[PDB]
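Student: With the hints as constraints, model all of the structure from the sequences given.
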Amino acid sequence: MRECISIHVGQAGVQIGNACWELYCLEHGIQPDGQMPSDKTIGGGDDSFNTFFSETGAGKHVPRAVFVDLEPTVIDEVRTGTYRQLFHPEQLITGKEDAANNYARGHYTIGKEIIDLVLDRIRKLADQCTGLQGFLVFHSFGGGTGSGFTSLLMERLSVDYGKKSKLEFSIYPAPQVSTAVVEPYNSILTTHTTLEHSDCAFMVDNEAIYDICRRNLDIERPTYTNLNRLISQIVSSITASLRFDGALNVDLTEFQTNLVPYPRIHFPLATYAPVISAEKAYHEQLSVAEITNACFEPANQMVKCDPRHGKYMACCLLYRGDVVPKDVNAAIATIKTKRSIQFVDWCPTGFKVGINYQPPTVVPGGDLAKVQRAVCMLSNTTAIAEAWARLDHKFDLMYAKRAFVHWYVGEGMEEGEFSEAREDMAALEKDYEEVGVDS
Amino acid sequence: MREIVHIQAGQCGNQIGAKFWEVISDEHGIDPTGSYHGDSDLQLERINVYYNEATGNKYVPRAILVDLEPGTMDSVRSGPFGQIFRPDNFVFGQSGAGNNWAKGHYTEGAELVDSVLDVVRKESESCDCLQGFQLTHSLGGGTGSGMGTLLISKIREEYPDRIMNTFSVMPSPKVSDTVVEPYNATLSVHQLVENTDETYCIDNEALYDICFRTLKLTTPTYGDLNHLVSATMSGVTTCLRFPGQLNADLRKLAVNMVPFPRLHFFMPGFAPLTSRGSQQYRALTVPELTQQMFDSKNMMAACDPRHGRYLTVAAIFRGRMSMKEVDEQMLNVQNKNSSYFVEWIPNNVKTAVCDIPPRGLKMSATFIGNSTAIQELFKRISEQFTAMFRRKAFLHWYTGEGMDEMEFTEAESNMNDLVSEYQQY
Amino acid sequence: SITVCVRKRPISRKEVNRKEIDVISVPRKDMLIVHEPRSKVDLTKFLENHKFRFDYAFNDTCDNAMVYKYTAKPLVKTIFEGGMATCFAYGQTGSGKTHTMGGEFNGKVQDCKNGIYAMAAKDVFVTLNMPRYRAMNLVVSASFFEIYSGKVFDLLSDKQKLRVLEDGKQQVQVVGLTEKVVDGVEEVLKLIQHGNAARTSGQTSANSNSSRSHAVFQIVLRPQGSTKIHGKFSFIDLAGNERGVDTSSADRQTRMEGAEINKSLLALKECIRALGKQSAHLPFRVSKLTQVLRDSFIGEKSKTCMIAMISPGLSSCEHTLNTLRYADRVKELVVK
Ligand SMILES: Nc1nc2c(ncn2[C@@H]2O[C@H](COP(=O)(O)OP(=O)(O)OP(=O)(O)O)[C@@H](O)[C@H]2O)c(=O)[nH]1
Ligand SMILES: Nc1ncnc2c1ncn2[C@@H]1O[C@H](COP(=O)(O)OP(=O)(O)NP(=O)(O)O)[C@@H](O)[C@H]1O
Ligand SMILES: Nc1nc2c(ncn2[C@@H]2O[C@H](COP(=O)(O)OP(=O)(O)O)[C@@H](O)[C@H]2O)c(=O)[nH]1
Ligand SMILES: [Mg+2]
Ligand SMILES: [Mg+2]
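Protein chains in written order, with the entry's author numbering: chain A, 1 to 439; chain B, 1 to 425; chain K, 278 to 613.
Treat each hint with caution, since some may be false.
Stated by the list, open to error - No farther apart than 30 Å at their CA atoms in a straight line, the calculated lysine-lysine pairs in the DSBU-like style are these: (1) A:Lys96 / B:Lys154; (2) A:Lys394 / K:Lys317; (3) A:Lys352 / A:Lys370.
By construction, these hints were calculated from the structure, which means they are not laboratory data.
Tutor: Structure follows, in structure tokens:
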């Protein structure tokens, strides 16, 4: 009925999944085996359990995902580590060769013999999922098999299912973490094919995640065991809103209803409210009204941009922990009085209230806060037109004299598909100016 | 999965392939009798990259080692680097070509490739993914440039999907045998450039100019210069079994280092620059060797990095050191010198830090650059070749050996086109 | 001094079963309009028109004799003045390239009576029999290449692998090609019929004789008893880029030649624009297909004629705007 299947591919899809399924199974209180405690945990109580999970015939719970990666070294961390018995080996697909910073390899020529097995095995999940709610894929822009498999993946589900929506929570690398020189190439070749298939994309940008961990944590080490902590807390916002019966349910089509004014642009922001690292003892637990007064002013370090000079389209908040609803509506009057919040001329409507029950649970060992006040708004702005002007400027000047072009052509790409992808993004950059018109 | 078949030929190939093994068997800490005695699991999971498997912590380190003359084959089997590998890879020849590129390529050198290619057909089916072919040879000799260039074509037409790199050795006027070889040079570059992907440009014009001035080794041997080149060849292949933030596999190294459609000759740099065991050196501090990577003298190719505008600047660091100072000292260069590194790639690769130190150095570095300073190793060969050729001097050593007179003209004009291709400023 | 022509091909029978929409209109003698369906941001679909002007444009009802009369027929009174002349066949795969150059695709056979090879080899001989040009006493000889997997093969002899070398006067010479001496027009049809039977080509249901190599046919015009070269007419049939939906049954063998067809044309795409701007190093030695085509661009007595081939339908509107934009760039070229 209300079940859904997420997909976790790539180096930025399993390292996130190693910080999410640990975070999912800590809310329900699930052992590394997967057995259930004696907190009246025999069958589903008042809380819905099988949003991400499944109750097997052996009495325990089985999570449901898609683990596909080309390198066998990453799945060997999963097939040996903490959760080595939650995941059935049918949902553990390993390739042999590598994409190797090449969109052309990961698209089809290594997808020739994996997607015939993936689509065989998500068809296995048809009898184990009577009702589907959609898909949530994790991958990376600008890389190898994260950009390679993703443009293959959306083509083979829209023919099989079609009606089911999908949100991508994608990552392009940073100037601080620059693992390839073709990073503008592999990013724009998967906002080309996926732009006719993606419904909401969250630009989880390492160029601004690392700026948070520089200021709020004072840790200048861009490691994948502390940067993936900050990302998985944002995913945990949407998680309990479809798992636990919150105060106000936000459905998947209902969330897309307010964030997608035109289906062409459909790029909202992951403006999560940044918190402070409490290492031993917090000096002051902030309240609900103190977050949203100064949340989106340092949440502009999520996509490194300037929302204070563009124009907004909408906004949708999502609360975790214990939040009294009458305390919410006092702080919104001050920010509405200010002129910094600038909407379009055709929609001055404020926001949406979404309140859940549980606080964001904390794995020990991390460098984050143990709180119960959590605010996560997810808004869409016309200020990120100049965010894509950076990548097109990083795409124009590796291409005016045709540098690095032969590596894609050497594995099967034509020269026109560059200019096809550029012209499909020069319109999209002008689409935001087309929306933000004072008429 | 990630298997590498290695091959080498010639005197210079065999006087470095022994020097290549002794460095990597002490950075990984490998016992030279066939066994292994180490402690870290960094040096133990990646044992299937070069090496085969056998019980009792033993194996056979596969690398095809071949030359026609038996004096070289009997000189790399003596010491503890001799009994390390497989005796069935003893592939030698009958009559060594006396620094003749023609006998090593057409008449005599094209005979025992079937005894070499049969070895490669058996070291390919046993592995599961072959991720490269490496080659070490001299660019101006006999079977090092004859057979070693021919065996590229015999495999590239059979395994075309494999990225191939060659550890190239340009000859020099100062250190010289069979005194005149611009004929042996450009015939060995022409079939290399048309058939390879990565090419490390090592020359003896710069490996003797440093020892004449900096290390003060005025009259060295080949083995004194074999020590210098065998320190970089471990500084390159440390991104193969010591992973890091830059997972820098050879195919990923191929994409991240080749901008133009044709290959280019890489110009590696180095750590603080001494010989083996020499004292009077400071602590290997991180901000000091930034000047030692971008030096106008610390280059493994005789060039001019003050004029050669940089294209790819991927420098691998080795040793437990501070990650913060690495990111800051690189920003004292591109933010102050816009002509040295220029505008082609946003966010070019500038670091890859390894923790395992090399055997003898703690917190070292390895610079690998590529720029238009490699014009001068194309102009100095061609000007010494056009004096050889416009009088048709020494022509008769190849024409009676089954060659063509006009194959010189292409290999001359192929090199002149490279220089005009480098004025893309 | 390059003449550019374009030829829209008609719609096949299978494309009518899949209900394909034709978007290419040739309303006049030397124009063409691409009707591109575009949608705005609010799902309001509109239509773009991309005008083009060429030296001559072909309809979909034109036959190969009319395509001949305006492309390679003026270039026969040039080879008898001492020059040399070529012609391309540049477009998408499946876009009628070897139907124009090679001959009319008569199912299991190749009707080589059509095509540009035979109609010009016939017209050399009629020109050679005029009393103005019979006085020179020339000898017509023909050769015929094949460029497969980046390397040059030969089709007169069966499988002679060939080298690409260079003279000291900066002249590319394939050596050693077979150069048979042609007696009459009944002899040159025996070369082309035997030639096309040995050309390497795939076997499938959609294009059972799809081109897999860049075939080059030369007619060498030699004076008798001098062994020089007075004229050459070098035909070029390309293979064509293919990167739309070519995912049918492609094994490791199919994309081995597959990514090498696309690699050879990017080298050809770059030498056009490098000749567009000035003083740059013209990357002729990237692919060997561009080293053969060197004398077409920078020849001091070279008169070429590129025939841009166009697939008509809606699903090939992306490749069409790609292909037409290079031929407009080929037209706007002044070498010397
Ligand atoms: N923040 C974050 N980014 C990641 C992580 N893993 C990969 N990335 C991003 O991914 C980019 C590199 O491309 P990848 O998606 O990792 O490519 P891949 O999946 O490893 O496939 P190959 O390149 O063929 O090995 C970098 O720019 C990183 O920013 C991660 O765990 N956390
Ligand atoms: N002008 C034309 N009129 C009628 N049929 C045509 C015409 N041009 C091409 N065809 C037909 O189109 C089909 C395929 O043509 P073909 O010449 O193979 O295209 P192509 O681009 O050369 N494919 P390839 O050989 O791989 O380059 C054949 O059945 C031809 O008879
Ligand atoms: N740097 C260096 N160069 C070498 C070495 N051995 C040979 N060479 C060079 O290689 C050239 C000789 O080639 P060689 O391998 O002896 O030819 P072959 O034995 O007939 O195949 C000489 O010009 C040397 O400059 C070496 O150990 N170090
Ligand atoms: Mg990877
Ligand atoms: Mg054809």
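Student: Any hints this thing doesn't respect? Which numbers, in order?
Tutor: Hints that this structure does not satisfy do not exist here, as all of them hold.
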